[PDB]
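Below sits a lone chain in structure tokens, taken as the form solved without this ligand.
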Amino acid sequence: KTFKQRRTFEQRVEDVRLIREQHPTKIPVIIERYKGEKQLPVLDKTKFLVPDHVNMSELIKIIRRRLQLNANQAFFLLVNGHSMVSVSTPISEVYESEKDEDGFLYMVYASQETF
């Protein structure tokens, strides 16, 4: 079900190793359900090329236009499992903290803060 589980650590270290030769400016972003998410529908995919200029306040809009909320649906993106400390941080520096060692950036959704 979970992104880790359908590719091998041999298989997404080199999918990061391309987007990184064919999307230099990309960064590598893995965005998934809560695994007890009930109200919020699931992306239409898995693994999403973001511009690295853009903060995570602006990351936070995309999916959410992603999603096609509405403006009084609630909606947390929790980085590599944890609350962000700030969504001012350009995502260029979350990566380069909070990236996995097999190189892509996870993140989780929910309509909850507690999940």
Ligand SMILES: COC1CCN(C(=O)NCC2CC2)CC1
The other form holds:
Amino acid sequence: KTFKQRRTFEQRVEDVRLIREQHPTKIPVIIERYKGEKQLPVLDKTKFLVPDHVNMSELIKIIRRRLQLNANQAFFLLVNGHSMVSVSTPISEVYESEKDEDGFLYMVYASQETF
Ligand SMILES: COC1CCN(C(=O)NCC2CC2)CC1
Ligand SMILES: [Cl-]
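Having seen the form solved without this ligand, could you give me the form solved in complex with this ligand?
Every component of the complex follows; first up is the chain already shown.
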């Protein structure tokens, strides 16, 4: 069901190396609905190539637009299993400190802060 379940560590590592080769300015991001989630839709896809200069605050706006949310729906975005310390950090900086050992940056969203 989840991305890590669908692809071998080898396949995830090689895909990241290829994004490096072909999409060198992009951060490879996996974005997944919380398995417990009732309110928010699932995304049309899992793997997002994010320009490396956008900050976390803009990536939240992008995903809320991708989900076609309205002003008073709640949306929480976990990175590498935990709350974002700050929405102002550029995603290039977030990648270097929060990337998985496979080379992807793993995110999960819910309507609840208590996932
Ligand atoms: C904000 O992230 C989304 C942008 C679209 N995307 C791309 O693949 N980018 C376009 C270009 C061919 C690589 C990943 C999802
Ligand atoms: Cl690029």
